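Single chain ahead, by itself, as structure tokens, in the form deposited in one PDB entry.
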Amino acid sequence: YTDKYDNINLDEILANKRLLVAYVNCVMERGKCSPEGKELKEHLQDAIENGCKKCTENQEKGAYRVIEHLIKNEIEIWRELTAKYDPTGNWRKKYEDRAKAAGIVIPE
């Protein structure tokens, strides 16, 4: 399935810092996107900008895996992503509330 491909690529991105940086740069429009990077970026952007209006259930889950990872481990990147895609902050708040409910402490 294309879902399986997304899942293993997300597994790779979250495990390898080089891939995560390349992916984040692709999402932030400051680096090249591979075809899979472009596909995952579409859903991560949809998640932050629009609450994943067009994401399938598996795509939304995949986007949140990266969101929670960034909130917990790369807060500065999470802040850049939300300033770019959700400055209004309603979706940002929904995800931050979910991460806090998972016990993640978020600095101001």
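Think of the rigid core as the biggest set of C-alphas that the two forms share within 1.5 Å after superposition. Positions refer to the first chain, counted from 1. Compared with the form deposited in another entry:
- Measuring CA movement between the two forms with the rigid core aligned, the set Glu68, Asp46, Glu80, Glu74 has one residue at 2 Å or more: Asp46.
- Once the rigid core is overlaid between the two forms, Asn9 counts among the residues whose Cα shifts by 2 Å or more.
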Second form
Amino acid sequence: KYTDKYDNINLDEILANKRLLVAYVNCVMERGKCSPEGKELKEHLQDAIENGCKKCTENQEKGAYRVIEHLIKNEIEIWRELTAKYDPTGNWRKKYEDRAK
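Switching conditions: you have the form deposited in one PDB entry, so give me the form deposited in another entry.
Coming up is the bare chain, nothing alongside it.
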């Protein structure tokens, strides 16, 4: 089971501040420095894609959808690079895009 120690981080504040959001994106894309939380996310994202969040907490599932919907609607280029890197066979791309729409 993934740790819940970072589960009280306010995702709304991150999504509303481009500088904060880009820091996490560059970390997960393996082109920028990581915060402790960013490193933890980077280290579990591939696994979560392979098993549909089987080890995610309820807060992580809810938070993943919040972040993903925001990217699909407002940061298309970021969404595309993330899904291409972590989900190259497209297990979830159409499913999340359909929900967002």
